[PDB]
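All protein chains of the complex are present and in place, except for one that has been dropped.
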Amino acid sequence: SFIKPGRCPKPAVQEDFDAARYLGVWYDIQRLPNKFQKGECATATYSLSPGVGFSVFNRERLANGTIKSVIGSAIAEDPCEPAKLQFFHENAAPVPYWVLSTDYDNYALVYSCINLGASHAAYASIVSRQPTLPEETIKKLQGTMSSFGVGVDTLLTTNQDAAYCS
Amino acid sequence: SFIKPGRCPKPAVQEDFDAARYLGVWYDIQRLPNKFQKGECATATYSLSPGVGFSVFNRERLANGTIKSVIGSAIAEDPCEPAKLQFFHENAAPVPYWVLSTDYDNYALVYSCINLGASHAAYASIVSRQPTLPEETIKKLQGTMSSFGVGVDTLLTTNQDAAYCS
Amino acid sequence: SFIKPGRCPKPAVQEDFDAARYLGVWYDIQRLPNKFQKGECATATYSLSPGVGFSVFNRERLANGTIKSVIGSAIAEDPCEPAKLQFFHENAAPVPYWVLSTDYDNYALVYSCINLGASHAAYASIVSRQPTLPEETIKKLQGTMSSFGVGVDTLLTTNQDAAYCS
Partner (left out) sequence: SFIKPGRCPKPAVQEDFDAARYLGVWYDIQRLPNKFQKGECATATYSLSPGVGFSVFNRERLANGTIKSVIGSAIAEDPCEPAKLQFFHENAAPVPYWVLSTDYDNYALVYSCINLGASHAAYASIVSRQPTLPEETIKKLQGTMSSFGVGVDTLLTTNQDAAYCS
């Protein structure tokens, strides 16, 4: 999704990550530019799976008012690295999805990277259990992002205004 | 997981494979020796996924009457190759799973292979919608297995006796 | 390293591809935009490998006259699909490299693709044993490139002018 030079960094993930506590609704707060989000008001809904991992339901509002959504399935392929997921969205090739940091109740810092020779395509995201996230939490997560080569300057803020998104 | 010489054959899969028709209950009729089937009366149940692919519930009876079962998730990582799945069983590393041939309402030939240098570990299985499958059908699928270098003689026949399996 | 929408296409590869005839010097005639070519006069030289596959030496001229180069190794990881190689350059992650069409003594259409969810990163190339290639030959390879969704308008022409590259 977003090309930067160098090979993919390998940042720390959430230690002892617990997926059952990660389920539910997360709101997109900030994110690296990508090719899949085409609007605003983005939310992810993660739910229990009857097999392994969990189901994914992403949803956003387009500027012309059209609502768009996708379904996918998330799986930790190595049970010993539960924070290192892979998402299989409908009609999409698999993408990595690592949870760098989360407190389950408020925020989460998500990272994703795929190698491209001497370059890489990266995606990063700050999400929240609410349409807003406190300013301090955001600055902290931006802080870790800098350590693995994401520029805070390059981030897009997602519109989560209550009126516009209903 | 059966070690044989040579690299994994790359047999053909079922053309224009339709997972919705592959769902439901399958009985293990014959199978390559493996490390996971520990008894008899083996069935697989495939169900809808709210994400992609489908949910898996494999189940067998032990000699002492104890029922053993596992849950997992099946996903075709390349949507243009829907018959070439990957199974993510709980407590297992991901494994390949090809539907080489199926008519959906009667039989299916499942193959799975993993390379080990100049050797490979293979798993193959004939399943049926009924606890039995006609011998001529069994013979035909055995033909297919031989055509890509599996020995029919090494196949194990699975117990599906209504008396024993009830 | 060029983003286009959709998953990677799988165009046909060169039949009975013979790497021994593909060795030697190729001149870049035109190619998709990428992050590795920074100048002109780009050439690829393919050489004997004492193990498997063959050796790679890429070379171009910078605008200030500085020559830049990389070495790498090409390996056909599956001997039965010899046209589907993996290229391992110094300081780079592995990249696919398919020889889609070549007559060995004149031209070659090179392709490479890596998936990015519902998008993909592509690189495509028309190379030649001479610094120029006939207009009729280029158009044919353009017909093929068009067939998997690269537009001739998106292509860059490589400077192979004898004076300037000298």
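Details
Note that the chains are named A, B and C in the order they appear, and that numbering of residues resets to 1 at the start of each chain.
Assume a contact is a pair of C-beta atoms (placed from the backbone, for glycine too) under 8 Å apart; a residue touches a chain by one contact, two chains touch by 3 or more.
Of the listed residues B:8, B:42 or B:141, the one in contact with the hidden chain in the full complex is B:8. Which of C:9, C:11, C:82 or C:94 touches the hidden chain is settled by the complete complex: it is C:94. Among the residues B:29, B:95 or B:110, only B:95 touches the chain that is left out of the figure.
One chain of the complex is left out; on chain C, the residues touching it are 47-56, 71-75, 77-79, 88-94. Summarising the interface, chain B meets the missing chain with residues 1, 3, 5, 7-8, 35-36, 89, 91-95, 114-121.
Heads up, the rule we're going with is that only the chains that are shown with their structure count from here on.
Averaged Cα coordinates give chain B a centre that lies 40 Å from the centre of chain C. With centres set at the average Cα position, the gap from chain A to chain B is 35 Å. Each of residues 7 in chain C touches at least two other chains.
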